[PDB]
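The chain below stands alone and is given in structure tokens; this is the form deposited in one PDB entry.
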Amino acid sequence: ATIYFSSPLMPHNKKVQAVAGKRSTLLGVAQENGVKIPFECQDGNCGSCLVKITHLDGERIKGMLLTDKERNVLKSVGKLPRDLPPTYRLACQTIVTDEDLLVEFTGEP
């Protein structure tokens, strides 16, 4: 999958080729490619990795992808929701698939 990372904190977007099937996350791939957001956490509760995801190409994975915790974090920042509109996720919880994506970090802590 090809992922384009964007952030108010990045002067340029970063285009990354990611191998699906190795249990990678959007945040892990970003850091692995030198896209190191300033704040993160180990329990998926901080919300700092919030991203707006735009579908570019490939199959979307039809399935319940949000744990109760991620849903509660998204609700607490006002972002709880075959056409594919932009969707909000915690990047540290978002599993990389074969889908090509535009991934926009919000930049707030």
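We call the rigid core the largest set of C-alpha positions that still match within 1.5 Å between the two forms. Positions refer to the first chain, counted from 1. First, how it differs from the form deposited in another entry.
- The residue among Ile53, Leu27, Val73, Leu50 whose Cα moves by 2 angstroms or more between these two forms, once the core is superposed, is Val73.
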Contents of the next structure:
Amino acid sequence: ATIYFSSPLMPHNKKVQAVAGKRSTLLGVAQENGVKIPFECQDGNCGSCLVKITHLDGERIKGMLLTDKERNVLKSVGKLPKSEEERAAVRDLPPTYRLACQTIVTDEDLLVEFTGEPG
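Having displayed the form deposited in one PDB entry, please output the structure of the form deposited in another entry.
Partners and other molecules omitted; one chain follows.
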């Protein structure tokens, strides 16, 4: 799994190859590789490890695989919730906010952005 770390405190992005599987947190992978993601708590409530994750691999919008044509057919019958109509219509590849200490790294490739501030 390839992870690209990015942050205003790093003049260069860091490309990291992380072995999928063996028990690892996105924050753990970062600190092995010298990416300073703020880490102030052991209980996972401080929020300082907040990262903005873009999924480079896999599904564009995770867990929603419908074609544009299947989604419009279900709208002529009223069969798509309104909340899933808005999600699928995003033009930009949507980012997900996570806490790195709570995020377990899998085979997928990721772009991981963080401000660098302990906040």
